[PDB]
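What follows is a single chain, given as structure tokens, in the form deposited in one PDB entry.
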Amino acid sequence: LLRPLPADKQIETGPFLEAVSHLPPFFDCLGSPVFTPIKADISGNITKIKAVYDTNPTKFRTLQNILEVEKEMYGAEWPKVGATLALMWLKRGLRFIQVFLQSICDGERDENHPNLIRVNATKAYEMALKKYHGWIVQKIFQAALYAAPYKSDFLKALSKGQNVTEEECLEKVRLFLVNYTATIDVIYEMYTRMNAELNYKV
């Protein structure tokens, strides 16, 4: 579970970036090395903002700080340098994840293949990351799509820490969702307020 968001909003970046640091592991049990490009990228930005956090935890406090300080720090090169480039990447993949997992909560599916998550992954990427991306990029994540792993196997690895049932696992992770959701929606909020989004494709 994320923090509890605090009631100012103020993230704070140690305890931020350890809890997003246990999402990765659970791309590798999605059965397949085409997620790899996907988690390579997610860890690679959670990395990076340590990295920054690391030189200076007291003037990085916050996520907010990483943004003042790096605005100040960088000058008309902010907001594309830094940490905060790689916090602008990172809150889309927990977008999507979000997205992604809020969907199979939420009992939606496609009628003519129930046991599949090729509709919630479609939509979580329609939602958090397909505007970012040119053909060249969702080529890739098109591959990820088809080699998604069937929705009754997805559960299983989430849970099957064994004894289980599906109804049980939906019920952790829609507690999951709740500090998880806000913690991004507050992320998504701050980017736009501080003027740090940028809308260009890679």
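Numbering follows the first chain given and starts at 1. Rigid core here is just the name for the largest C-alpha set that superposes within 1.5 Å across the two forms. First, how it differs from the form deposited in another entry.
When both forms sit on the same rigid core, the CA shifts between these two forms reach 2 angstroms or more only at 32 out of 159, 32, 138, 152.
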Given for the second form:
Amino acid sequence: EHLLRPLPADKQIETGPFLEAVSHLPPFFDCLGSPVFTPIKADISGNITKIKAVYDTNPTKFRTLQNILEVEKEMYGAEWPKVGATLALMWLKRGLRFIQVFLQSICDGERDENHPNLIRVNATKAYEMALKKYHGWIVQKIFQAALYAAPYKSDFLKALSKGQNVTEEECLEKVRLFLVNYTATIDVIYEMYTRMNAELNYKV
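Now that we've seen the form deposited in one PDB entry, could you pull up the form deposited in another entry?
Coming up is the bare chain, nothing alongside it.
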């Protein structure tokens, strides 16, 4: 119902099914009514839309994520990889990695024992690992505001089990299952960017 597809032997990720799966992730930022972590949500959603626009023009040409990078490298020459869907996916993977590290941290029981019902330590770890190195001073401040406003852990978990009779432990089990194919997929995308020399280090 929103699991990602398993990783193929050949590690070639199909573009259409990938976009379909990750487009179910922005709504989770809305599970508490007022959206949470809005700058992270907005970037994920905006980058999905950009990649989908390129894919939809020629699904066979852009059948896999690797095809996008191959095709755009040829099309755009020296401007690549700072172009098109290659650039949108370079940023998308960092928002997807934020979600991965955040959810894994919560599932692993990582917390500040003085604030066991907050998720600030999990969100900070995820931000540091995924996004911080690529954000200038102004953008970092925009993220800290989203940090101070983070929901309570119990409210965040209640809201993921949208109106179901499921315990916090049962909810965490479901997130752990989701994390298996999701983490593998993000790791393969990162490895592709490094292999293809598509990764850039500029800050926004």
